[PDB]
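K.L.:
Listed below are the residues making up each chain.
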Amino acid sequence: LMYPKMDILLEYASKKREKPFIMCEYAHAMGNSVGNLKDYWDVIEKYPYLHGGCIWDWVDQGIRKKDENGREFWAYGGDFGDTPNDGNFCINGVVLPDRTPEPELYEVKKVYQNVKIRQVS
Amino acid sequence: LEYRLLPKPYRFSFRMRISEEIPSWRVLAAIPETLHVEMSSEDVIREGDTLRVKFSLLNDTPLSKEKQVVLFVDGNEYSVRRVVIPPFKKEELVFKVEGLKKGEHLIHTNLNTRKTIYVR
Ligand SMILES: [Mg+2]
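Chains as they are written, first to last, in PDB author numbering: chain C, 483 to 603; chain A, 965 to 1084.
Incorrect hints may appear among the rest.
Over the 10 Å line for every Cβ pair with chain C, so calculated as not near, a few chain A residues [stated by the list, open to error]: (1) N1040; (2) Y1042; (3) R1045; (4) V1058.
Cross-link-like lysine to any residue pairs, in silico, SDA-like; alpha carbons within 20 Å at most [stated by the list, open to error]: (5) A:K1018 <-> A:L969; (6) C:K497 <-> A:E1006; (7) C:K520 <-> A:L1070; (8) A:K1066 <-> A:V1033.
Derived CB-CB ranges, DEER-like [said to hold, decoys possible]: (9) C:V577 <-> A:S988: 54 to 64 Å; (10) A:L1075 <-> C:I599: 19 to 29 Å; (11) C:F555 <-> A:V1058: 30 to 40 Å; (12) C:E527 <-> A:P1050: 31 to 41 Å; (13) A:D1038 <-> C:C572: 29 to 39 Å; (14) A:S1004 <-> C:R499: 20 to 30 Å; (15) A:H1000 <-> C:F555: 27 to 37 Å.
Derived by calculation from the structure, the hints in this document are not laboratory data.
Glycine residues also receive a C-beta, built at the ideal position from the N, C-alpha and C atoms.
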């Protein structure tokens, strides 16, 4: 499934299932985003038949262009007199076009890490 | 009735000093004053069922705490418990929520603990 809410995951884990549950796209990273990423994985690690998924997506499809003054900016839909266009809906990354990390990539690293540490005392 | 110590938990503290002069009663030694808290439940349940919300409260500090744990559902005050945690002690609570209809529901406290709960 694509961008399922939590209730869906928990519903799928609530009865015996022959097939494992995978999220081919989840946590849409458009602009300043990727909220409640730990809340997904708390569930995936707890309940049966949930085996992860893939974040949408890696890189922002922003073309390099120069303005009137000659200062560089990232271009998106409607910045080439192209009509009809769907604006900045092609800017969905965790990294900028040049692969410069957006803060949200630091959260992905934390939540994906493979060591878990608990405080006994 | 309103002048009788009925048998419930009770805490009580005071400062003592042995010195040649009388120190200012308004001044005291600083100490940490916060509790550690964890909330936990079934992230989901079936319409009609009962939601069980568990709360662990650790007191690492050198004084007795006396706290009023309030449970909110969808912003409205649903229930409250009175606790007395002695120093170097954890206390566990269970609340029972009843009557949640289909759809997502906000469970939060007055101790900075929050959680979305789905109702199939
Ligand atoms: Mg972004």
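K.L.:
Does each hint hold? Answer for all of them.
P.N.:
Status of the hints after comparison with the structure:
1. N1040: 21 Å, holds
2. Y1042: 21 Å, holds
3. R1045: At roughly 24 Å from the nearest Cβ of chain C, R1045 (chain A) sits farther out than 10 Å, so the non-interface label holds.
4. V1058: 19 Å, holds
5. A:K1018 <-> A:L969: 30 Å, violated
6. C:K497 <-> A:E1006: Given that 20 Å is the threshold and the Cα spacing comes to 15 Å, the pair holds.
7. C:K520 <-> A:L1070: Holds - the C-alpha atoms of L1070 (chain A) and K520 (chain C) are around 17 Å apart, at most 20 Å.
8. A:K1066 <-> A:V1033: 27 Å, violated
9. C:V577 <-> A:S988: 54 to 64 Å: 59 Å, holds
10. A:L1075 <-> C:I599: 19 to 29 Å: Given range 19 to 29 Å: holds, Cβ gap about 23 Å.
11. C:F555 <-> A:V1058: 30 to 40 Å: Given a distance of about 56 Å, which is not inside 30 to 40 Å, the answer is violated.
12. C:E527 <-> A:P1050: 31 to 41 Å: 34 Å, holds
13. A:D1038 <-> C:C572: 29 to 39 Å: For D1038 (chain A) and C572 (chain C) the Cβ distance comes to about 37 Å; the hint holds.
14. A:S1004 <-> C:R499: 20 to 30 Å: 25 Å Cβ-Cβ, so the 20 to 30 Å window holds.
15. A:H1000 <-> C:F555: 27 to 37 Å: 48 Å, violated
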